[PDB]
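There are 2 protein chains.
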Amino acid sequence: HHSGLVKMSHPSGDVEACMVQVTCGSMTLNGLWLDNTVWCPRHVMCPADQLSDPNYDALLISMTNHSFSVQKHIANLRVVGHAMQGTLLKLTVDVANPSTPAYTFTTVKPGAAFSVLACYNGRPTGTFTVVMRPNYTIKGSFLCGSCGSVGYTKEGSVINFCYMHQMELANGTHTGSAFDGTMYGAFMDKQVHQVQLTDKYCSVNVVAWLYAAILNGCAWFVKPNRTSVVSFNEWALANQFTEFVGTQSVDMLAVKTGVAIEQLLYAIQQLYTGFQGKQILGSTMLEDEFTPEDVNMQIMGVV
Amino acid sequence: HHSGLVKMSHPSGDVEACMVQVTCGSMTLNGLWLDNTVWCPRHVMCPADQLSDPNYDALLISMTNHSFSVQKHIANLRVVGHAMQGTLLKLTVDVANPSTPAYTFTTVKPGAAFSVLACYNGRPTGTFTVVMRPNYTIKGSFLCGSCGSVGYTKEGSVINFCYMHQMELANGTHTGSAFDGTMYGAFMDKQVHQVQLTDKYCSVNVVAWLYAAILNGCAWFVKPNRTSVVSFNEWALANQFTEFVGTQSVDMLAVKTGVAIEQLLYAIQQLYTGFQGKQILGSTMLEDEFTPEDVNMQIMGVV
Ligand SMILES: *[C@@H](O)[C@H](C[C@@H]1CCNC1=O)NC(=O)[C@H](CC(C)C)NC(=O)OC[C@H]1C[C@@H]1C1CCCCC1
Ligand SMILES: *[C@@H](O)[C@H](C[C@@H]1CCNC1=O)NC(=O)[C@H](CC(C)C)NC(=O)OC[C@H]1C[C@@H]1C1CCCCC1
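As you go down the protein sequences, you meet chains A and B in turn. Throughout, this note's numbering is defined as the position within the first sequence, counted from one, plus 211. Throughout, this note's numbering is defined as the position within the second sequence, counted from one, plus 211.
Next up, chain A with everything else stripped away, as it sits in the complex:
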């Protein structure tokens, strides 16, 4: 039986019309054009021989307006102002984007999913969805020239930009910046080795996934036994699980299936020690890349 769950990304058309190319003569990467502003990673100012320990303050002051070349590839935007906000540049251009969607800037939290538009030379090439890992990495698909690719969610017709790609880690995962300029987690936009925090199972997403199995007729794991939220979180600390915090989306799943959150917290404790040769939605390991909102939307048709 198929769960009806897929990695679902938002339609990318609105964000495609906001992508541009930004180059300083050394690096070429992507920028996000909204109204008269173009956002892009600041290491575009960084020469090839300075990516490991740049002085961005000295690099910024060394730049002028025409130091930045901004190009629409699917035109030329004259830069009339430039500023630095943390790990991002805020370029002011003479023409405003006539296709600027309604948007906000928002930081995304661990366990929440968002859609990414991978671009190269300002040309969108593919879209996918990821969940922010507890260690503030994402398991994306990025190559050289992908920096400036953006991640976002959508509430109604409003696009909530939450991620601009910056780099890849030694273990293959990726991280980037929020549009307030900060990097997620404790990462720095410097091409050097960096400490990486441990990853953890997103307990709330594991609960959403077990609810998806029940909604598809799969419930062998559901036992009448219960684990309280308090006792589970204490258990979670000693087993590399995130601490569980219920939401209205999870409560809706509990009402629909008739299975209380606490029953599944007990199941997670038992399934973590082993599946005992059985499968859940065609899997032998716990899944945490689907959110409660993904289950409500894709299976129950509720947004």
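Read the hints as simulated data drawn from the structure, not as lab findings. Hints are not guaranteed to be accurate.
It does not matter which identical chain is meant; a pair holds if it fits inside one copy or across any two.
Pairs of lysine-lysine residues, derived as DSS-like cross-links and limited to a Cα-Cα distance of at most 30 Å, are as follows [as the list claims (entries may be wrong)]: (1) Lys350 to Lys489; (2) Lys350 to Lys434; (3) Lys489 to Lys411; (4) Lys434 to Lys283; (5) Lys283 to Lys489; (6) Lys320 to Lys350; (7) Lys301 to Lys283; (8) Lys411 to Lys350; (9) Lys411 to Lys283; (10) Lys350 to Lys365; (11) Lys301 to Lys434; (12) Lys365 to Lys434; (13) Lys411 to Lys401; (14) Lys365 to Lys283; (15) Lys365 to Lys301; (16) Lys350 to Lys401; (17) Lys401 to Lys320; (18) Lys489 to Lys365; (19) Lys301 to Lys467; (20) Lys434 to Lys401; (21) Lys301 to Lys489.
Let chain A serve as the given structure and place chain B with the ligands on it in line with the hints.
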């Protein structure tokens, strides 16, 4: 270590501008507007009390041009002609779509991936990628009102439309029509129980995935032993695997890694009997939802 592999869909913007709403007063579903033509599933003509055994020939002749209401939701298109091609309708409208992309119609084969734009009331709501299963189903995410949602691939700037969604099967998977009007496999667009063919591992995609592991430093399974293509296909018949057929995309992976196709065919035979407690790219079961082209593009940056 992260493989760098994600379910990667094409950017949906070009196809978003082609979606419309089509209704006959009973069902509401989606249509694809290209030039002066709107394609949609033919069961839009079907009353609610006739979805299990309709007479589409009698239903079509019972319709006139103004029987069909076509609406753009992101306008009204006056229908000036209507025709039936297999399981699809071919509506002719007075205005041509000014955003018609360069396109072709192409049938997709088992094991090949394509991107789907899920729409409701002509409004695009999400995009995802699937592989055509050997039994001509897809493991998608579709609810009521999703029919008319389209699947496609992209060669350059040319969009190759390959799928229009029609129905869901009893086991939860989905199937639909090619744009020549035929349903994939032996399925019929009738809301009745239907025989379902067995699913199989896509051997060529399993080989692509093992190559992705090698490209990420994971090769414990690679033994010097080899299985020939001929002997593997004979084995495949008795084990619910597709018969392997190499391509240039697979040969490129063999050259890059230095591991011959035949070594991995032997590995598949051994891994199928059990992983022996080890993991490949964080998995304990064979993966076949990534194509050789996915590995070449996402990891090697080759299209
Ligand atoms: C965009 O410019 C680019 C996107 C990267 C390249 C490959 N995959 C991606 O996602 N970003 C970078 O090249 C950054 C630039 C720095 C200044 C932020 N650098 C980077 O991503 O490093 C690649 C990691 C392999 C490197 C580190 C591993 C451990 C030893 C130190 C280097
Ligand atoms: C689009 O109109 C819609 C999309 C479906 C609905 C739910 N998920 C989907 O992908 N398509 C349908 O409703 C078709 C219409 C027929 C005329 C082609 N019917 C359908 O999808 O049936 C749903 C399967 C549960 C039904 C069968 C299971 C086994 C017993 C017979 C019915």
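Sort out which numbered hints this structure fails and list those numbers smallest first.
Hints 4, 5, 9, 11, 12, 18, 19, 20, 21 not satisfied by this model.
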